[PDB]
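Residues per chain, in single letters:
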Amino acid sequence: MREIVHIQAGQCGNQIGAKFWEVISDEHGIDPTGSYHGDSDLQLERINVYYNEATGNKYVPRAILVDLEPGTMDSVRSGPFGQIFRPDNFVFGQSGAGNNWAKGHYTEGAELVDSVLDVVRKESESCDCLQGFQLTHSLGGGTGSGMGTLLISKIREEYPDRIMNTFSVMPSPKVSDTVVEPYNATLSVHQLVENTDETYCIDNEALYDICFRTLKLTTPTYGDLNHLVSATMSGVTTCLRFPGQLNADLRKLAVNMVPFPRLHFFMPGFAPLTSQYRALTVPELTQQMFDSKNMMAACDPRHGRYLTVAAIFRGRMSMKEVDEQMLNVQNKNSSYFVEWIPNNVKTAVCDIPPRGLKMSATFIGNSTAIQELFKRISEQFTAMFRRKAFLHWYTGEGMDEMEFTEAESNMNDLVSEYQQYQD
Amino acid sequence: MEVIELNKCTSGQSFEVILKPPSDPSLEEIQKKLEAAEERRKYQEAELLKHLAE
Amino acid sequence: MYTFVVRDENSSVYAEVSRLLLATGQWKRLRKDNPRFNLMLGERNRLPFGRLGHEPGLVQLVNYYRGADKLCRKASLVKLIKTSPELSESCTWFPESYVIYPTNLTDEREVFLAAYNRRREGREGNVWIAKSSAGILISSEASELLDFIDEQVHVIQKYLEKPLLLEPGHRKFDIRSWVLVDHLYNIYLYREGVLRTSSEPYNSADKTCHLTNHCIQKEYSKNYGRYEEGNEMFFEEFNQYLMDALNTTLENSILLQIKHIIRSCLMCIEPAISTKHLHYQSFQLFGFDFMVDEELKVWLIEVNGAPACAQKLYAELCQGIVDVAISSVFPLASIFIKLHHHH
Amino acid sequence: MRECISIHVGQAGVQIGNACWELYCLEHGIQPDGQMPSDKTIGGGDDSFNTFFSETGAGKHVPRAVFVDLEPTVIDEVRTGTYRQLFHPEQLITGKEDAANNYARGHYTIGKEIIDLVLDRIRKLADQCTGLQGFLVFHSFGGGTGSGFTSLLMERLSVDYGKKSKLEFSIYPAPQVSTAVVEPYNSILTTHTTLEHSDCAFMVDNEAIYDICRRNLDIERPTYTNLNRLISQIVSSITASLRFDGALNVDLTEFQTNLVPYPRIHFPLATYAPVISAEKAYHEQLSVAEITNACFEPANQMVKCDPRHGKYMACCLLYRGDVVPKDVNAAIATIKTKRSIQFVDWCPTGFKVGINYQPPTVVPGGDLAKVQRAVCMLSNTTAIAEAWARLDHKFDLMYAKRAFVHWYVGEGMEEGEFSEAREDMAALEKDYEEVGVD
Ligand SMILES: Nc1nc2c(ncn2[C@@H]2O[C@H](COP(=O)(O)OP(=O)(O)OP(=O)(O)O)[C@@H](O)[C@H]2O)c(=O)[nH]1
Ligand SMILES: Nc1ncnc2c1ncn2[C@@H]1O[C@H](COP(=O)(O)OP(=O)(O)CP(=O)(O)O)[C@@H](O)[C@H]1O
Ligand SMILES: Nc1nc2c(ncn2[C@@H]2O[C@H](COP(=O)(O)OP(=O)(O)O)[C@@H](O)[C@H]2O)c(=O)[nH]1
Ligand SMILES: [Ca+2]
Ligand SMILES: [Ca+2]
Ligand SMILES: [Ca+2]
Ligand SMILES: [Mg+2]
Ligand SMILES: [Mg+2]
Ligand SMILES: [Mg+2]
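Chains as they are written, first to last, in the authors' numbering: chain B, 1 to 42, 45 to 277, 282 to 360, 369 to 437; chain E, 6 to 28, 44 to 74; chain F, 1 to 105, 125 to 153, 159 to 175, 178 to 231, 235 to 362, 373 to 382; chain A, 1 to 438.
A hint or two may mislead.
Said to hold, decoys possible - Computed list of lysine-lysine pairs in DSSO-like fashion (alpha-carbon distance at most 27 Å, straight line):
no., chain 1, residue 1, chain 2, residue 2
1, A, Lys-40, E, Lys-53
2, B, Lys-338, F, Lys-28
3, F, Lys-70, A, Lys-311
4, F, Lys-184, F, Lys-79
5, F, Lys-82, A, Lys-338
6, F, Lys-70, E, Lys-25
7, E, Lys-53, B, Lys-156
8, F, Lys-288, A, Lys-338
9, F, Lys-70, A, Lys-430
10, E, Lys-53, A, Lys-336
11, A, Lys-311, E, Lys-25
12, E, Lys-62, A, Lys-96
13, A, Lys-112, F, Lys-82
14, A, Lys-163, E, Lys-52
15, A, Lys-96, B, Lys-156
16, A, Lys-336, E, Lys-13
17, A, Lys-112, E, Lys-25
18, B, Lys-372, B, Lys-176
19, A, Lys-338, F, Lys-70
20, B, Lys-156, E, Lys-62
21, F, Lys-70, A, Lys-336
22, F, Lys-79, A, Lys-311
23, F, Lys-28, B, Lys-326
24, A, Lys-311, E, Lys-13
25, F, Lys-79, E, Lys-25
26, B, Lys-338, F, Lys-32
27, A, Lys-401, B, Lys-338
28, E, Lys-52, A, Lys-96
29, F, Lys-247, F, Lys-79
30, F, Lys-305, A, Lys-280
31, E, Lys-25, A, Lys-336
32, A, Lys-336, F, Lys-305
By construction, these hints were calculated from the structure, which means they are not laboratory data.
With these hints in hand, go ahead and build the complete structure from the sequences.
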């Protein structure tokens, strides 16, 4: 019993978190009321990782829903699977965070964070052997970014020997709500560098480009973006939710994927991304899964080197042919894999495929090309900060300009650390 | 090619064939290392809580 | 798309083979320390055979036979011929040789002097030559030979006092043959050999007319390039000479003995070096050195494990290496005489 | 009679141990409930099979085995398996969370908290013994528990049982089935700290077992169940002399005497033949000469290497089935004239031969075909050092960049243990080279 405690913070965090629980509940046979109605015992073998079992054979997600506004969480409670969540795990305020990291992290969020930790502690106490936490949030807003990183710091203080994993949505001017998103993201990235063991970088720029270029959607919505996120999150947690030998818990995943503590930011990928009845072959799954157009971080892998790679194939397929194609991609493009980490590409296979797909493949790369994402944010940060533009929103909450300068320096240090291992 | 030391029993036999002649730390010391490593884990955790307290 | 690595930058033969592999657009060169290769052009010394054949899903091949040094070393070859029943001490095509360790270090000092005294009394020719894999002394007195070695392991073998002398010139030579052994242990003899000839008249009473090395004839011989370009006579001219002068052919008088010696040496070590049931495969190119006496009898001098080729023959031989040794294992999208044998 | 206690550590050790005791019961006619009809001394005895099985007054034959794992899911397969009735709960030790493929986590952090419980459960088995020989320890190199806790357990066994022998069955890491990039680290770390505590260690390379399962059993993608049934056959061949009447390798001390002249060079190479697919309706039975000849084919070794390019220090042949000494000596004389069998000058060029007339037992429904005769050769070759050179090279590549080192330091291990373990391995490779290279 290796339980994970799930936390979703802010608008983006709760909308993507709600879809994640909607997707994996279907995969595990859990209906919107928490009653199991599946046809395979594989669905319940590792069900306790994410679900609590209550009276009446009811399965309750081990999920805590956090926001500084009630709006999005009211939509969740009215959503498809809204009634499945534990009612006492809705922790919300009323003021909102105004897309302001300082409000989430220092003022408005500080007033609410203790009541969230009370719910975290209650869920942790009912864990046979808690292995760690996963957080869904965006970095561009105020609650998910500012209060989310505040939560991560206080959770690390109370559970210093547990793994912290995040799905962190990176802002992009292509899909932007406010101009201060680079400020909020830069402040949050340093928090993640220090206080997470694994972070999946979900870039809204990549999600838009995939919807537009590949899926041929002229006007992508936040719903279309969250479809790619939902499918990716199911794929990267399959090894946690179903029986397997590789990266079966959060700590073993970290040991395999993180050669240096600060370089723990992963580029996810998914295949297929189809705009739909045609069967997809193992060579096609393997080629698309490594294609830049299937990456969720808007970084070109050929501009960097893979430190480690995990690949997960779902569905009934030839495991021999999977190995042949996986060993084919490595042995044909071995210049993009570091030579000082032998056998750094690990492959796993799960029999149960996602809903509506005969087979699929999920990519998890620790690539030095992720420095392109942080460089992009850093340039957008500096373009405003050199003129101190929009800073009054933050100094009005008690912050000083020096904390911005130190955040700017910290992320440029992170970029430089990726650059030394690329050479 | 010499067969030596042939022993036979109900369940088998064994022999040797020659083709050519020729031409700890104490219980205390272990506990010290285990405790020295535990102390380094306690020092690293205290430095973390100190960092988080700041 | 096959991959390969290069680990011997001084190899002229495989520098061309690497060039030919890239010219087909189906072979990609990797860094020298990248273990995800199909083919290794390995280094000469301390090739890491123990790390080959452990890459999942990669058929790996290397251009050297592990253990073939026993045939390609001075002292090792003499011990191999004397101690192997397939070759035996009564071997007729290898000069009587003895392994002599220097006194500042088994050894055959007493056995060499025993046969040396048999020739001194019997009025026979008693000229021997000392050499090693590391500096060569030819003498008729056994005292000068043993004293020079003490001044690494050395060998002393009978110096062929009656060599076949080409005319005009009255000059000495030696024959180099290139032999390719593939992963199936097929023995391929390159149809083109070279005669590395001395340009000085052979004086049976100065080492310039006694050693036919291409470097010695270019640094100490005052007739370099006089009779043939670079003191290199190829098989066409040598065969025509044997017909015009000796009324015989190169095939009958010499090449039958050469192919016989090559088979005997390589079949003898086949159980020790074969990669037939091994987790990796090997091939290797060998350079055999032969001496011919006045009776048209061929003698084996040495086997070179990392030989160079003649400038005129690089393109033909290196292409042949790619055909039968590399493309037979990794096919894409005869200049050799196959010496048939029983595996 | 003198007893032997088996210790299974980590997933690999437990799942292999489960396959071995399944085979032992089939070989000794012991039913899943522990009853042994052929045993006429009910409730006691000092027969050869009692070295591995104790007896209860009710006639149950109980393995002298301890299972240890830092995660309960694998040992729970033993609690609810076919042979669950053999074991009592005192023999199955589980923890809450595993070592996460981290030697330091299994050795220091979690090892310190469970070592006393393990030694106490071992002491309960040792008190059943009138004359304990020692221990057989099954573990992987690559796992955090199999590497980290094993080396700690081996240190404490040398303290609490100083005069007892200790043998290992170790699973060498192969990327084709491995689950961790840091397994080279764990392998070198556990070998360094266990070297002076193990009298004789049988390494099994998962790469060799994998390819034998694909080549000779026609399994496209072998699973752990396929691999472990083959390993348990080899293991049974090695321990059969301790469990049956005989005169060769009758106690643990004789393994060291017959296979390990130099104590640090205590890794014998195992080669097994024949391995025949059960799906073959009829296979021509191989002769004594053919299975003995197959003992010198690298494709049949537990570790892929080339014994031609090394020297032998000792060589045992362990036959099972229809084999008579006449056919063994005929095969050996033929092989001496065809193979490059070079012994070191300070050891006789010979073969210690053991024959057990009972043919190999195969698990019903398994992948292995029943054969009339089989052989396991245990030879101490310097050629097995190729496996160390492969491992040490992968260690060097990662450690030059300190990749993943922070995971180990974060568990309380000093970085110097890395370099100290690596230097010991460099000295090990030097020992092998001085013994087997001219
Ligand atoms: N032959 C064989 N190898 C196994 C088996 N199980 C695991 N392995 C190998 O063991 C290595 C991993 O070590 P494990 O034994 O699984 O890990 P552990 O000892 O339980 O330690 P933890 O890290 O705490 O889980 C890998 O190289 C696997 O290939 C098995 O059942 N049979
Ligand atoms: N027993 C013998 N009788 C007559 N001549 C001999 C001889 N042994 C050697 N030679 C001569 O000495 C020369 C050099 O002999 P050796 O083979 O030792 O040189 P080497 O090995 O450096 C040539 P390579 O570069 O092809 O290896 C040969 O060209 C040969 O003519
Ligand atoms: N992919 C995705 N991104 C979102 C969603 N909602 C908001 N975002 C992004 O998140 C950032 C805004 O943060 P938000 O979560 O709305 O603020 P918060 O409520 O204070 O945490 C912007 O970069 C948006 O592009 C969503 O549903 N899906
Ligand atoms: Ca207030
Ligand atoms: Ca009894
Ligand atoms: Ca001891
Ligand atoms: Mg918003
Ligand atoms: Mg030479
Ligand atoms: Mg385990």
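Out of the numbered hints, which ones does the structure contradict?
Hint check: 1, 7, 10, 13, 17, 18, 24 and 29 fail, others pass.
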